[PDB]
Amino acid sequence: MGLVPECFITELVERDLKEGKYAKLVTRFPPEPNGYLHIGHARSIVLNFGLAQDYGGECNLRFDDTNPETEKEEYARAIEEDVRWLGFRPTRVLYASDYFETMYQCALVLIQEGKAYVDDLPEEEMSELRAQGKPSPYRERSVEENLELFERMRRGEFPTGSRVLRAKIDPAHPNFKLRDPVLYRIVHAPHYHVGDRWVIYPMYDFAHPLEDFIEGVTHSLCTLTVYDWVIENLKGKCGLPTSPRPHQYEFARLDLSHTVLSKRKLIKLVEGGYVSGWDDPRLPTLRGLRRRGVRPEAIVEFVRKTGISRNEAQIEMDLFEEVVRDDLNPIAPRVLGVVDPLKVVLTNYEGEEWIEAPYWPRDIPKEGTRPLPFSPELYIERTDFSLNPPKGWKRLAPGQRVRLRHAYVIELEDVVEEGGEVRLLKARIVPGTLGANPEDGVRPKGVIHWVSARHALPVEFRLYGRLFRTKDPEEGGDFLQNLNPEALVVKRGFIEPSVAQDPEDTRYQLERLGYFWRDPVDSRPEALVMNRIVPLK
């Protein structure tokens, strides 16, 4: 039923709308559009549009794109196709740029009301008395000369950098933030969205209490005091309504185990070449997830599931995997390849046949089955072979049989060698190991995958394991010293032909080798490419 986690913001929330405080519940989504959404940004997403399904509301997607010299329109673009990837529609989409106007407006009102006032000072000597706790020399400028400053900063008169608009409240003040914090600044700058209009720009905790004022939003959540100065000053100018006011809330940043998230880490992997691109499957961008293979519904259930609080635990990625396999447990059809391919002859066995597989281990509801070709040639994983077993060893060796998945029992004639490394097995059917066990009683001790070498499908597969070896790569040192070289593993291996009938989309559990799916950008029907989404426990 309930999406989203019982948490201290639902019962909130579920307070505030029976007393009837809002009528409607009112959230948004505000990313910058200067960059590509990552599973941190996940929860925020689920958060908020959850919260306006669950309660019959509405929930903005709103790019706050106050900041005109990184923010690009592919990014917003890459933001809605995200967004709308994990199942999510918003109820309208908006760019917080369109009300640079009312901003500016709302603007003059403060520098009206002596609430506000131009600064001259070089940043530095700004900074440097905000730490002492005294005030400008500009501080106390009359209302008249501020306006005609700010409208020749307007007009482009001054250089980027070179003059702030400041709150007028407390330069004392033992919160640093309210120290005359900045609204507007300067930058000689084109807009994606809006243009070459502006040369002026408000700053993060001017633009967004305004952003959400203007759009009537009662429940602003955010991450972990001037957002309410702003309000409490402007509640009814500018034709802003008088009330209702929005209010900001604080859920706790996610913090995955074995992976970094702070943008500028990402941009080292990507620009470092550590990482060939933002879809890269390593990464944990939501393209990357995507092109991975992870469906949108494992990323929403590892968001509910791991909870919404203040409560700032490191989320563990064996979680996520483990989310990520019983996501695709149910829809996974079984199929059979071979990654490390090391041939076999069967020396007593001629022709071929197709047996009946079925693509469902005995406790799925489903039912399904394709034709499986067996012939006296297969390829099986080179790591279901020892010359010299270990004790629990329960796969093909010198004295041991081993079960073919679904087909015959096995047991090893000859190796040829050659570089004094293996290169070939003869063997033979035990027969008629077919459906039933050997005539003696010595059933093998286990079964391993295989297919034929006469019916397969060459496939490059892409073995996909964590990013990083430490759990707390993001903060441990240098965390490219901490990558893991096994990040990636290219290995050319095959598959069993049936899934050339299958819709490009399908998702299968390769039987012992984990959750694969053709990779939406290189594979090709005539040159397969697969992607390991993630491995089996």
Given for the second form:
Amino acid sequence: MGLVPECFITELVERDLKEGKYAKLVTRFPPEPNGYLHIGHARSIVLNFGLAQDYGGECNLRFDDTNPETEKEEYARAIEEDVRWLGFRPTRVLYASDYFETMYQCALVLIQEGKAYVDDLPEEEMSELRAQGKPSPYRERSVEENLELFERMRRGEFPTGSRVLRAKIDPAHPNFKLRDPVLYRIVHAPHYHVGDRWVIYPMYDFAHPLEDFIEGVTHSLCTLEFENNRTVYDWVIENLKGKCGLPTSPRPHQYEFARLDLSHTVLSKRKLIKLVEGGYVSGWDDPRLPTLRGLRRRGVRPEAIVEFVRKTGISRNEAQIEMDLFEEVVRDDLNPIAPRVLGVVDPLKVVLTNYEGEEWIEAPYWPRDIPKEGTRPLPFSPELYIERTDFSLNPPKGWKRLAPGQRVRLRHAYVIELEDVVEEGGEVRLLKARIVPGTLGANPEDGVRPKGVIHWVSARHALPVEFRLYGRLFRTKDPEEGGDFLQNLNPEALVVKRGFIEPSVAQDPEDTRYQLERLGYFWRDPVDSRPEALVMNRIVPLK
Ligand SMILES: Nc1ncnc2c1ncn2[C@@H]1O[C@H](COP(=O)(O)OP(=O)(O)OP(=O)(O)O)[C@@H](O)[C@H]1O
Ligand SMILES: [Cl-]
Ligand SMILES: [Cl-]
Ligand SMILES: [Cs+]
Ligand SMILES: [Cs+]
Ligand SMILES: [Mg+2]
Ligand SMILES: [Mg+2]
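Next, give the form deposited with ligand ATP bound, keeping in mind that what was shown is the form solved without ligand ATP.
And the full complex, kicking off with our chain again.
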């Protein structure tokens, strides 16, 4: 019933809602349109948009776009597309750059109130002074000179980086971040949304609260990196309430949840850019990646992603999440909705000496535990392919599959036993085998049942598939902090096998998610699969 599970945040909202602190609840999701979103961002998406719906409130999608150098509209697009794919419906699609004129008016007021000033000092010198707790020489400049200099910065008289505007708070403040933090910088560079209008851009610490305030956000939800940043957030709110058309009340407040860190995966933009550019991975939608794009392409359903996020909870509890966990939620999400078909990944041929012609078998798509009914014609014939790995000349103790004195059950059809093994070049190339005569939907006459069941497909009927077998992207549980990050890659992240799958798949809609028995879950890769050249990704293996 509650999309977001119980925690400090639900409680806090519920309290303030009931006590009339705010009329409606207003969250935002605010990413930077300068990259693609990943599984970590999903936590912020489910949280922020989830509360809006859980409590009959609003949630804005807003591109926090104050860094013109890197930011592109295609990232804005991609962001909106992944947000909706997760199933969420932003109340508004907003861009912080539409706020600039208001933010600039706000800076004027700061300066008229003697609350900001222009700093001519170079960057290196400014941080030595901050480190020393000393004031800029320029700090006690006048309202008049500051407005003229700020205007001269607006005009783009000064080059990129050369002057900045800073609030006047306390140069010796114990919170280092309150030492006259920077409000405005100079970048002679055009913005993807608003163009060549501005040469002065605000810093995060100043624009973010103001975007919040402007939108009447009630609960601005951020991850825990903004711990010491909270004090400046309040400072901007408090010195500007009821100014330049801002409300005097109510006002937004920050609250902090733990960012997701998932085992076996890196989420930092730096490292991700590394992997794409250096061709370690094929592209931003690569199913090896934890981008939302890549998880989509992989076959993961948005419902598993939401559920994953929901399942794991919202807290201050920055404990790393095990990939085991994620994999199990995918498996669980696909269990009742993935019809079971049969395909072969490492094909090995088996010829049946005591069988001729064809015959077609009603086979169930759903196992006993799944309430769905559904059936399909499964072709059988004297030539099949089985997994190479379901055959031993030298089987171990447990061996439940096919061997030189061990019968086996072909799933949904006959028991066969081995008769001859043709070898060529040391390794095995074709099985010669026999059906045990009355074993279609029945045991052998002699009572010695087959120890196990293996999957198979008719070599006379089956479709070629390119299988893209995905694993975790790293071997080590902790790649994101571990030292050599590229030395921890899993060489098995992608194996590509050429294989076979039963012909029925051809009569299914392209977006079907299948369970290949004893193999894992699978679906047509949305980019490269074609009906005449099938390509299927393994979404996840079995438990
Ligand atoms: N792994 C994660 N788990 C939870 N939230 C995240 C994660 N990564 C990013 N977010 C949050 O989603 C929002 C937008 O993400 P985006 O990456 O554009 O912002 P950002 O400026 O890179 O944030 P950060 O610098 O904290 O990663 C931010 O609130 C951000 O902290
Ligand atoms: Cl049928
Ligand atoms: Cl069976
Ligand atoms: Cs940031
Ligand atoms: Cs069933
Ligand atoms: Mg960042
Ligand atoms: Mg980022």
